[PDB]
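Novice: Chain by chain, the residues:
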Amino acid sequence: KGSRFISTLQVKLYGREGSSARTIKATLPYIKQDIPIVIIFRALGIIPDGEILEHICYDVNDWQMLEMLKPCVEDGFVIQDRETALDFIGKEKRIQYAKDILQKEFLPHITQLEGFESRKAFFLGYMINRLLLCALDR
Amino acid sequence: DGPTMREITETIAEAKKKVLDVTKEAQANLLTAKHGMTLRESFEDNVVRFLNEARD
Amino acid sequence: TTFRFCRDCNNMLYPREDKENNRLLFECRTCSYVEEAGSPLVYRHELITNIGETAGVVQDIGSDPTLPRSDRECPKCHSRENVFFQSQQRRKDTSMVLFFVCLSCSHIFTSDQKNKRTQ
Amino acid sequence: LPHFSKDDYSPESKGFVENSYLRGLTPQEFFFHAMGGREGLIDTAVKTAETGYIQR
Amino acid sequence: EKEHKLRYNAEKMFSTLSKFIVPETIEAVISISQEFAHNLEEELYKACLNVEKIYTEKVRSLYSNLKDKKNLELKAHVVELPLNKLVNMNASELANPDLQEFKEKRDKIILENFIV
Amino acid sequence: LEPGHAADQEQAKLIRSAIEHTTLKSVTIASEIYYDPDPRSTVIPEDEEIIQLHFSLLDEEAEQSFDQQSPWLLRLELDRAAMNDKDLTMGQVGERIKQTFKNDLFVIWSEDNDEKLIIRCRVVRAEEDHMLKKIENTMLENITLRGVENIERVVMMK
Amino acid sequence: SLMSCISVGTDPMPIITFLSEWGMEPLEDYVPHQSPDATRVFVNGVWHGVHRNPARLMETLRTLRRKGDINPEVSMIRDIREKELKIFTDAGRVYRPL
Amino acid sequence: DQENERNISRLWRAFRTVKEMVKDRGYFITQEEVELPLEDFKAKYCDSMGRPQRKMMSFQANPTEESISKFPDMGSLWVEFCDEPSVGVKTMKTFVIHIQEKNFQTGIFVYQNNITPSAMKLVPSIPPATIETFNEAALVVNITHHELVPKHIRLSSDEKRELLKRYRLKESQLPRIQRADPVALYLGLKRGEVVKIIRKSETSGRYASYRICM
DNA sequence: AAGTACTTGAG
RNA sequence: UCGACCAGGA
DNA sequence: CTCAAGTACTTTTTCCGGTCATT
Ligand SMILES: Nc1ncnc2c1ncn2[C@@H]1O[C@H](COP(=O)(O)CP(=O)(O)OP(=O)(O)O)[C@@H](O)[C@H]1O
Ligand SMILES: [Zn+2]
Ligand SMILES: [Zn+2]
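Chains as they are written, first to last, in full-length UniProt numbering: chain A, 246 to 335, 345 to 392; chain B, 672 to 727; chain C, 2 to 120; chain D, 784 to 839; chain E, 232 to 248, 250 to 260, 271 to 294, 300 to 327, 330 to 365; chain F, 1120 to 1244, 1254 to 1286; chain G, 540 to 637; chain H, 2 to 215.
Please note that a few of the clues may not be correct.
As the list claims (entries may be wrong) - Computed cross-link-like contacts, DSS-like style, restricted to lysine-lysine with a CA-CA straight-line distance of at most 27 Å:
1) E/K317 - C/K117
2) C/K93 - F/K1144
3) E/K352 - C/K117
4) H/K161 - H/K24
5) A/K270 - A/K347
6) C/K115 - E/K354
7) E/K316 - F/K1235
8) F/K1144 - E/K354
9) C/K115 - E/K357
10) C/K93 - F/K1205
Said to hold, decoys possible - Sample of chain A residues lacking proximity to chain G, with all beta carbon distances greater than 12 Å (derived):
11) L258
12) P293
13) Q309
14) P316
15) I324
16) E346
17) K347
18) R348
19) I349
20) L390
None of these hints come from the bench; they were simulated from the model.
C-beta atoms are modelled at their ideal positions from N, C-alpha and C, and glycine is treated no differently.
Make a model of the complete structure from these sequences and hints.
Specialist: As structure tokens, this is what we get:
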């Protein structure tokens, strides 16, 4: 109960089986392009790629899944800071706009409040885990 | 007819036992699939076949 | 493959070649960190897969009522207590081999009469 | 159905009606027949316009 | 012209196949292995560049399959089986008697598959 | 089939093989990128016997073209059953790659007899890492080993 | 069907508060590589946190609903092969007695 | 020897079909000439090393006595084959000027892989005469010999004129054969030419249709 | 859903 | 006296 | 200046009482 949010998040796996370097992007409400997941994680707070890895893969004895994450880490690598990630949501105007979308329109169930940035990040990773899970045919 | 019924009932039975055989054999990884089919696809044909032979 | 991360900033490690001493190094592009590669293997493909068949064999596997029980005695503890699933690999191509987990030793053994498996 | 254990490929499990109509159907047999029967009404409805447009 | 230079290296392998010649005595020297090197090397020149590529890998399959043992030891002793036919043989036949068991298994069981 | 071969089941088997389109992808188990800095000597002890019967014999100008080459090696294991069933030889496979990439890629391979079937590749002539990953894509998905393009799963019928 | 009903919709906070007080580690403090077997707990498709031994927690809730303290309509599932525990206070679910 | 002979078989296979095409087109070639064997084929056009020379294969054929009765204006044709897989603008002019001086009415050019877009845009440069391009691989098999392909027959200006009279037809009212059509190409069919197609019927025994060119 | 019939865009 | 939805028939 | 992909468009069987709003 609360208007009844029509917003649906799509987490996509670009490229097919046999296509070199498969990237994972996600469509966020009210921002036209589908931005790489590593940028989202950095925009949420998780900045080192390996803390971002730890959010998707819950086992570090699973190289098959991690190898599938390697190109996505490379894609996101252009942006290394949280503020530089919020900016990559098109200054100061595009940064507050970004800040607002992740709170209000990105995963509005769970919470729309504030500091729950971690909760949304683990959830994002859960979705990405369940995505790569059918990609491996597991 | 009564005896005819027993005859029908055991026709099903002998065909269900014929399935069980092909099932536990395919579980024991001994089956060989006829081209353009998985072991699974090839197995399922046999099941369907024994049970349709049976009904008829 | 089993790749490492750059200490100090836990970022991904990228390869670099030390053409002088002809050895592989793992360089960091989020700083000045470097480290000798252990293995000469940098990347692995694996088209034909054998990993995903024994998927989710938690301790509570024997508690699942939705699972079937059999009479097959254990190869190590020798208990006639079983819970078995089909090859958990969700590919069309997959075979219907059974994977029996014992309700005592909690060790997995198959019905396969072709391969000398140890996983 | 939730009345079966997992990885059951047996005639009974994947919808084999061992019974005659005179004898009567088991609840599981009844439900499986019910799914198969519904497929008939759908195909008659789906492919009836497609066939009609073909004539036109 | 430059082929003759390459032909030299070809003989040098059947010369060590001396190190293959050892278990012929251990069940059922460096001089006859030099003579038997020329027994095959010139016989492969016969098989090749006829009337008027192939050759290079032919020598490999002979060395690799004859090196074998203790499965091809049975096929290697029957050699000292003629050394004339062995040249035009190549591949699936030069294989182990233990391998031509699985080769029969695969080929004879796939014949029941693609015959629908 | 040809009129004078109608019932010859063996003639059919030959065509069956001659038309069914086979890609390297179908006979490969896995591909690996190894950093083997010296071409003459291999870090992999399994590939010891491979370099031996290939460097000695294939002495046909392969010294200056090349004595390196590329330190980055692409190594791929093939399946005996896949190779046997879809009738093939390491020599057959190896020469196709060798004629797809011509003299821009140095190809070597293990013999049919060997317990592990392998094909070793090196570039000829900065960022070569990804440059080689592109070479394996053209090798698995763009190479024809046997048969006619667009033709799949061919079956015999009496 | 004759016996089937549709869930009217319950409140998830009295179960959220229950869970945390019964061994639920909050997601805000999850150490994924330290405890990598941990069963993940979802209340109406909201990942709240994880539980170290799902077996005993499960029966606490199962017997808690059967007692009448958890609403009888509130459906809870234990996916052992997936290490997951989903709970539904949701309005719209069709249930049947057994 | 291995895959050397596969190019050879194919070249001879194509030669036979080109022979058949010219024969069926109306020109004078014998079945004894067509059925020319492979071992004999090699003996004539294969070089000192067994490599076939396509320059030698090139030949001229003249109209049969019966052809001159139906279509008298039908002139002799020249068939050339090139040893260059990619046929240049230099070689094409050597062929084009051959027909222009020798006043040939028609000329078939059999190429290996391709012809320069430069060279191929010199075909209508010599009227009244006409040129026809054909790929070797296409000519390996005589498509006209297939089960499903009935006998198409070229109608004379008068045969055609008569057909339209007797069926009270406008040219449009006739079923059409495309210029690009494999059989239309085999018979060097020109826009407006009519073919009498004799097919076999499960109903009449024999039924004959007609097709106007595109 | 599957054509068509175009723009839009890379090499 | 106008046409939209819904529910039905073979 | 070729050709891959994104863009938009147009179809979807036949006949045969009630209730709503508004014309
Ligand atoms: N949606 C539809 N559109 C057009 N025609 C239909 C139709 N539904 C039924 N019909 C007509 O009705 C005929 C058959 O339908 P029914 O008469 O209701 C079955 P039945 O013949 O009484 O018994 P059966 O079910 O044993 O065949 C069809 O062949 C068709 O002519
Ligand atoms: Zn660093
Ligand atoms: Zn045990």
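Novice: Failing hints, ascending?
Specialist: none
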